[PDB]
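We begin with a single chain expressed as structure tokens, specifically the form deposited without the named molecule.
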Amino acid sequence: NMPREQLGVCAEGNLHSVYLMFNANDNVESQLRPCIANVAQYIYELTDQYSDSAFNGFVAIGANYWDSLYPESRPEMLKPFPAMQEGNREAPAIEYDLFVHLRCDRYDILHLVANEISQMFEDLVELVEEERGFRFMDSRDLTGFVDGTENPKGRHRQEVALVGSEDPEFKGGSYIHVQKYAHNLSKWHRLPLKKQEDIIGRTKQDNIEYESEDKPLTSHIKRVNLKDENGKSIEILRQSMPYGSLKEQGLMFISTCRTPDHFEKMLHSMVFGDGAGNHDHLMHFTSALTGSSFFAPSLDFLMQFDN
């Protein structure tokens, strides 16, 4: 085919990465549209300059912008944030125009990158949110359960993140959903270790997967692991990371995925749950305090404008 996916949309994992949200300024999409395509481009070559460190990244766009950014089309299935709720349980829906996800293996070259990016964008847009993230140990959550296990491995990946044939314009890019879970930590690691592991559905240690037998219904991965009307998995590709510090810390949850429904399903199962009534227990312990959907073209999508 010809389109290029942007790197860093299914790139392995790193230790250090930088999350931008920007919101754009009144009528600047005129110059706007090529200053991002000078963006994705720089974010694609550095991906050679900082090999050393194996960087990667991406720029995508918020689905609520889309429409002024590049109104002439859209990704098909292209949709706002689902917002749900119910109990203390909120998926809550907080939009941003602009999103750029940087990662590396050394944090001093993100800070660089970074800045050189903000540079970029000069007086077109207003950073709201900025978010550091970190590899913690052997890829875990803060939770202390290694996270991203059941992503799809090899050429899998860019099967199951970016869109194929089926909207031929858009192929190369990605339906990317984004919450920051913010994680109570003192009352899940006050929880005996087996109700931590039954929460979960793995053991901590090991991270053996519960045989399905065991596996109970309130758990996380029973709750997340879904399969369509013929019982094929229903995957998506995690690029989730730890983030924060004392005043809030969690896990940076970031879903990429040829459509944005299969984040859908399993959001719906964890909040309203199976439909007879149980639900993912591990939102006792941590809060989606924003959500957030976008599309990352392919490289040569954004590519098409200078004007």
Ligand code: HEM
Second form
Protein chains: 2
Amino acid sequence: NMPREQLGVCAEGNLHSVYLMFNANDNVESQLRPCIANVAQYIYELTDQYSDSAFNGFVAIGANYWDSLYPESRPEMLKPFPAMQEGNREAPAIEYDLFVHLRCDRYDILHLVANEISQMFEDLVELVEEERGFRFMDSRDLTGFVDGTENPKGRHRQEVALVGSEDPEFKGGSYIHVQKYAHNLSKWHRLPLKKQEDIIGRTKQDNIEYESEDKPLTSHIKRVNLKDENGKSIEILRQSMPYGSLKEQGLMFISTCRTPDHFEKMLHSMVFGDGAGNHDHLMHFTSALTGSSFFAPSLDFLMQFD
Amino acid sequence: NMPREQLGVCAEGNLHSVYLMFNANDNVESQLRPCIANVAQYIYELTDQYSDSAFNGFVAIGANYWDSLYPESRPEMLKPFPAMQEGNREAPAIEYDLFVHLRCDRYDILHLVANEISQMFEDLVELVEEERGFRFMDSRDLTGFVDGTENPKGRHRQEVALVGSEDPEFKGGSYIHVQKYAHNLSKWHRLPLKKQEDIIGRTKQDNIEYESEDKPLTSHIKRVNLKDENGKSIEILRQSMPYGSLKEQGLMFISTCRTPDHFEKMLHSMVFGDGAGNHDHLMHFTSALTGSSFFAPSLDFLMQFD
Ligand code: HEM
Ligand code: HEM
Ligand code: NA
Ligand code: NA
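Can you give me the structure for the form solved in complex with the named molecule, which would complement the form deposited without the named molecule we have just seen?
Full assembly next; the chain just shown is listed first.
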């Protein structure tokens, strides 16, 4: 298995993270492609340098810019963010050329690395968005509920997240989708505890999954636990973290997967619901401000250039 | 000594911090004064609740708003930020009604506390500025030099920072000045090491103070180490931390002192220099974007209301 996946795609959780969205200047693709190689490599190398603080990271590339940078070849299923909307439940698409996802248990080291990576890009791209993620309590979303529990574990993570020999040229790569969710915390926190629990489908403190028969059809976990046309579970590996500040704060939702339709099917099920009009009531409490599709290739793919 | 100083004024350093600047709505002083009491108290109480992560904090009150909130009485020496400027060396004044200074070795807890404090203010004030500070490496400024070394230590901190029986009514309070310094890091980091060291007056890595005779008259430490009309050292207790992000980043300079002219004399010496036109060359590398004067009273002063 010659291609090497970037280490931050499947990494276990961290106390802190940085999210950097760049858009490229006109006609710079000849110069960026090798510069992206250096950055990808550096990010990999930093895993070992900063092992002490579990550093890890990845560089991913926007769906709408792939063909300016990599015109000769393409991931089989790559496409733009799947915009959708019903009522107040809006999932907009806002694409960026490049995404740099950085993680560590030390914040000072991410500040340093970010500064460094920014200098690596020279005057070839513009920084468009920057946000900083943080672990909240014992891996909780700012809603006060534990986020992460039913994620793939150990080697299953690789199985779920990484492209394999279905697409030989891009094996080691992952399909990435990012939604910046701005929570309405004042509205949420006026809910009685039982309502909160009924919206997620788990108890808050102890984080105990409801029994099947007890899960409401409008609950987050009922809506995003799907099975394929053959009964098999349809999974993703999420890497999301709380983010923001008083002005604006919520979840930086990140999906990683060997196929892009897993996230889409889940999102459809959340916005549009089950078919008897049972949608995801969690969506009454937060708003997705962005929606971006990327591909994060293997290191080896990124490096074959200049 | 009945008045109790707020615990965050003299606190030892922390890994993280939040800085919140609020301006009050029209004619709300009757309602704010007791609400400020609750907030001050809460911040104190949180020192014990979150001892595990060395939590501490203070609420301070702008020079230009003191008399709307506390018309009956005033700190003896309280006045606006001492604006000054020569050449490109600008120290502007931008005052805010209230400052909430929060600190902790855990960032998640500060996010929570900030959210909470914001809700305490209701619709009586507007949030105007928020920034987050962080320890960089072994307590270094983003210049790569250790910041803090010659600060007062142990009980001397209290001696330097806190008003005493010179002003009985406000004993336990401190005079606070805040400058948001935006560093030009690209410019700084093109300096050869010896130049950097010559600008600060200490060696970078080992942080060794230059000998007197070797300190250049334009070096930061030469300029801000002053003696009074009787030879005695003129001190302040700084509580500054690195802050910001790629868009903008530098030092959140914070001075705390029992008298406000200490910081002023230092700042004058930095901007205007020694008198043979030897100013502080550090100022060629960073720009002070804000300049705010506050008073942080004792808890007991703040609490005597409604
Ligand atoms: C405001 C944004 C969101 C929040 C606060 C949130 C929160 C949660 C929480 C608390 C859980 C239960 C703990 C766990 O099993 O991980 C969960 C489960 C899950 N979420 Fe979300 N989520 C959000 C958005 C999304 C989105 C947009 C998707 C997909 C497009 C998604 C997919 C999933 C999946 C696949 C599970 C595991 C369910 C299972 O199989 O048991 N989440 N989420
Ligand atoms: C860009 C903003 C600033 C930076 C990066 C900076 C950095 C430093 C550094 C690296 C030191 C030496 C280590 C130490 O003894 O603490 C120092 C010392 C000091 N600084 Fe600054 N400083 C800044 C602004 C200021 C300002 C605005 C003042 C006063 C208005 C000030 C007052 C002092 C004092 C009193 C000392 C101790 C000097 C001594 O007695 O040895 N600093 N500063
Ligand atoms: Na490098
Ligand atoms: Na409270």
